[PDB]
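Here the complex is missing one protein chain, while the rest keep their positions.
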Amino acid sequence: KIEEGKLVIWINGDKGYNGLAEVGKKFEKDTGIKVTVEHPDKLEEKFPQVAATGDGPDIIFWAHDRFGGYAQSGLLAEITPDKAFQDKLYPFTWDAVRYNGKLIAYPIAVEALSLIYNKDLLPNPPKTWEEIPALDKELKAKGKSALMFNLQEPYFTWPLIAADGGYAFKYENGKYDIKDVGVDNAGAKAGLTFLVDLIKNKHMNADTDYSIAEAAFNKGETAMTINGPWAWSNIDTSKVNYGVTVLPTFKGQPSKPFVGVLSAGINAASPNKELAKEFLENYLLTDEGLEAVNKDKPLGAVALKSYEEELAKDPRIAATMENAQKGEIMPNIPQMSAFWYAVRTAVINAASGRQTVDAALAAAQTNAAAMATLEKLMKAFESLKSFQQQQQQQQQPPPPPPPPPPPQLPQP
Amino acid sequence: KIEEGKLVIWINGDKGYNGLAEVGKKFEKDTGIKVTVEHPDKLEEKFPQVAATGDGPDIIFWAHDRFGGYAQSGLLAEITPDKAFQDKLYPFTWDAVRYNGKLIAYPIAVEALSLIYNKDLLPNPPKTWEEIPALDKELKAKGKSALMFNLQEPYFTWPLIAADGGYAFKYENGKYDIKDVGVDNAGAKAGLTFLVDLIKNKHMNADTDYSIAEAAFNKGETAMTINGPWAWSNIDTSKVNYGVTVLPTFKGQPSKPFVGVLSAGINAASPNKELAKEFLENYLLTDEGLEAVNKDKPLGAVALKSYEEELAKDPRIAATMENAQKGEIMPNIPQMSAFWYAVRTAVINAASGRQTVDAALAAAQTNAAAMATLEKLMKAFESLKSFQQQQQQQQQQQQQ
Partner (left out) sequence: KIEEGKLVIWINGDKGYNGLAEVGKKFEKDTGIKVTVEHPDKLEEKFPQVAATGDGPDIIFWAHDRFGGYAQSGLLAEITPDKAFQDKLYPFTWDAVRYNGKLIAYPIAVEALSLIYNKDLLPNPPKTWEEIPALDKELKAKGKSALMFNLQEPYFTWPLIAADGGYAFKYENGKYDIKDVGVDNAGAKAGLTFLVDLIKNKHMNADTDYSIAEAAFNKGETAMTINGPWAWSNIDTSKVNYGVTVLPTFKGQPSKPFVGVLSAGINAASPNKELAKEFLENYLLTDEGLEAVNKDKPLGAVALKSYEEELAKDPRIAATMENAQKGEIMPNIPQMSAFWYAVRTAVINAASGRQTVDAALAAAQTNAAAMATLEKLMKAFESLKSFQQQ
C-alpha cells in the first residue's frame, strides 16, 4: 500500500519541508486532496527497499544522481510534460533527469561550486587561473595567501582538470558513453599539471583538507576559496567581508564544475500518478511554490527561469547559476563511484609527488575502468547467493575461487 | 573406436530409435553400409567427452539448443545442403540450426506449447487472454476453474511475457546480439502485469505447478491448461475429452512460446561425413523415413513440409505447428543458462508480492548480464585450473 486519492511526499529534513507542506496545503484547498510531507532518516536508503515491495511515498525529493540507480531498479515512473512546459526551465537541467532516454524526475534546484573572495584583501578577483601564482607574490608578501581549497577530494579539483577538455564520460545524444572516459587527454593533463605546479611552486599545500581549507577564508587568511552554497552560513558567522563569482578561466577556458540537482521523482508504484504530476507541474514548480520552499531553507539557484530571474538579484546566486551553466552535470550511473575513487588516488599521488601527472591520470582511466566490470560481478555474486535458496546484513565479501553450479532439470 | 567406415548414431530412449534402426536397414541395401544406433545414457553429457578425444557417434539426435554448446566447443561439422533441399523445410526451422552464420545440423521434429482444453466443460476455446477473467467466474460458478498451468517455471509463463515485445536476446542476422536483452521492455512488463493480476484476483494460485495443473485438468477440474505434446498420453488415459489449439492472443498479439527443434548433427570428427549426409538428405528426410521413426515413437510436428501436411490431419499436430510458426526459437548460447534463473526469480517475486513488476523485471536483465559474464569467466578459469593440473600430475609428475 502507498495511498490512493491522496499524496504522500518524501523530502530530506534539512530542506524546506515546511514551505513545501504549505504548497500541499494550497493544493488540498484547491483540489480537496491531502498532501503529507515526510522527513525520515536514510530515506534515500529506505526508499529503494519499500518502493520495491510497492510501498513508500508517491513523490520523492533528492539530488538527481541517486536517481540513476532508482530508475535503474525500475523504481521511477517516466514523466510526461508538454514541450510548452519544459521551456520554462533552463533546458540543461532536463539533461540531469533522463536515463536510457526517459525523463524520470522533475528538477527542482541547482547546486555548484563558485569562487569566494574576501572583498577586503581582494577587491577584484582574478579573471583567470594563471594570474593567481604571480599575484601570490603580492599576498604571501603581507603574510597572506591567494587561494586555498580542499585537495583531499576530487569534486573540488575536478573543475580545473575538466576545464581544458577533461571529462568523465561522453554524454551525447541523451546518452552516456561508458567506454569514453575523458581523463587521459590533453586537457586533463595540463589541468592536473598546473595544479601540481602550484603545489611545487608552493602556492598551495597537499594536506589541505576541508576543516583546514574552510577555516582560513573565514579568518581572512587567504584571499580566495572554492566552495558551494552549503558553505555560506559559516562565512556569514565569521563576519568576513565576502563575495561570490564565476570561476577563473584556465587556458581561456571556463572551469567546468559538477552540477547537482534537487529532483522530484514519482514512485512507479503510485496510484496517484496523475495527481502528483498535477501537484508538481501546477502547484510546486510555480513562483510561489518555489518561493515558498525557498523561504524555509534557501535553494541556491532555481531551475525555473521565471523565478531564477527574481532570485538572480543575489550576486551570490547569480554566480552559482552562471558557474552551473559553465559546468557539466554529474552522472547518475553505477560507473560514477569507481571514477570518483580512481580520480581520488589519481590526484592524491600526483600532488604528493608519489607519481607523475601523465602516468597517474592514465592509471585512473585504466584503474577506474577495471572496477566497473568488477562491481557488476560483485552484484552478480550476491544475487546468486541471495535466493538462491530493512535489517539488514550482510555476509558481503570477499570472493576469490568460489562457485557455484546450477541445479538438475525437469524432463518427462 | 573412431567410428570409421560405418555409421553409428546416438539418440535418446524417449524417441523412436527402432523406427530409425529401420531406416539404417533400408540404407544398408543401396550402399551396403551398416548403421548402428546406440541409445546410451545422458548422451547430451557423454557426447562432449567422447567427441573431445575424437570418439562418439558419427551422428547425434538432440534438441537444437544443446548444439550451440557442442557447435561452440568445436564438435559439429558444418553441413552443406543446396538451395533445393533447403526449401523442403519450413525456412524458419533453418535459423534454429545456425551458429555464427554457418548451418551446423539437421532439423527433424518441432516442439511448441499449446492450449489444451476440455471440450466437455468448455465447447470452445477463447482466442484471447483478456477474456480469461470473465470465463473464470462462468466456470467457478459450477465448481470449476477456467485455466490452470505451471506458474513456477518461466518457460510456461514466457509466452505471455514474450507476447507483446519480450525476448531473451535479439536475433538480427543468423546471429544473436547478446547485448540486446528484452525482458525489460513494455511488452514483457505488460504481459507480466496481466499474469500477476490473474493471481491477485484469485483467478489463479501462485503455488500452481505442473503436478497440480496437469492433475486438475486431468480430473476435469479446470477447463484449460497449457502443455506440450509430451503430456498427450496422460490426457487420453484420463478419458477426458480434450482438444488442442493455438494459444490465446494478448493485446491482439500471438503468444510467443519457446520453440525446440529435434536435431541431428555430424561429429566434426566423423570419418563418414559424406555417408551421413546421404543418409539424412536422401533416406531420413524423405516422407517414408520420418514415417518409420514416427510410427515407432511419434514426433509432433516435423520440419519436412510434405510429411508435415499429412500429419496436420491430426488437429493436435496442426496447432503445434501453428503455435511454433508464431513462436520464439530457443537460443543456443551460454547466456541462456543465465537468463532462465534470472527470469525464474523475477516471475516468482512478481507473483508473490515480494517485488513489483517493473522492479523484479529491471533486475534479471542486470543480473543475467552479470550472471552470464560471470558464468563465462568462472568456468573458463575452472577449465584453466582443470587442464593445468591434468598436464602436471600425469605429465609433470609422470617423471616420478
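Going by the order they are written in, the chains are A and B; count residues from 1 in each one.
The criterion applied here is as follows: a residue touches a chain if its C-beta (ideal position, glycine included) is under 8 Å from a C-beta of that chain, and two chains touch if they have at least 3 such contacts.
Although one chain is not drawn, the whole complex shows that of A:261, A:317 or A:361 it is A:361 that touches it.
When the missing chain is restored to the complex, the residue among B:35, B:97 or B:269 that touches it is B:269. When you scan B:31, B:72 or B:325 for touch with the missing chain, the hit is B:72.
If you put the missing chain back, the residues of chain A touching it would be 184, 341, 345, 349, 353-356, 358-359, 361-363, 366-367, 370-371, 373-374, 377.
Think of the hidden chain as still there; on chain B it touches residues 51-54, 72-75, 268-269, 376-377, 380-381, 383-384, 387, 391.
The rule we apply is simple: only the chains that are shown with their structure count from here on.
One inter-chain figure worth recording: chain A and chain B are separated by 49 Å, centre to centre, where each centre is the mean of the chain's CA atoms.
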